[PDB]
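Visitor: What follows is each chain in one-letter form.
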Amino acid sequence: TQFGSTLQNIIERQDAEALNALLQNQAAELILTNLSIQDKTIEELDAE
Amino acid sequence: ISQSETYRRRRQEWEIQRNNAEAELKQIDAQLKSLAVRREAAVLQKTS
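Protein chains in written order, with the deposited numbering: chain C, 2034 to 2081; chain B, 2179 to 2226.
Hints in this document: simulated from the structure, not taken from any laboratory. Hints are not guaranteed to be accurate.
[To be verified] BS3-like, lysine-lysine: derived pairs with alpha carbons at most 27 angstroms apart:
no., chain 1, residue 1, chain 2, residue 2
1, B, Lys-2224, C, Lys-2073
2, B, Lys-2211, C, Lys-2073
3, B, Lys-2211, B, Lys-2224
Let the hints inform the model, and build the full structure from the sequences given.
Guide: As C-alpha cells, then:
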C-alpha cells in the first residue's frame, strides 16, 4: 500500500510537470503573435 | 489691362483652391493607407 500511494504521487507529479511544460510552451506562441502585432503597430505609426 | 489682370487674379484664387483639394486627395489617400495597416493589425489580433 505504501508503494501504491507513492506511485500515485509520482503520477500526479508527472502530470503536473507536463502541464507546466505545456503552459510555458503556449506562452511562447502568444508572445510571438504579439510581436507581429507590435510590428504592425509601428508600421501604422510610420504611415501616420 | 486691368480687366486682363482681374482675370489673372481670379484664376490665382482658383489655383490655390484646386491645390487645396489636391492636397486633400493625397492626405486622405495616406489616411486610407494607415487605416489599411491598422486593419491588418486587427486581423492579427483575431489570429491571437
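Visitor: Next, verify each hint and record whether it holds.
Guide: Hint-by-hint comparison with the structure:
| no. | hint | in the structure |
| --- | --- | --- |
| 1 | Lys-2224(B) to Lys-2073(C) | holds, 14 angstroms |
| 2 | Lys-2211(B) to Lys-2073(C) | holds, 12 angstroms |
| 3 | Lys-2211(B) to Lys-2224(B) | holds, 20 angstroms |
Checked against the numbered hints above, the structure violates none of them.
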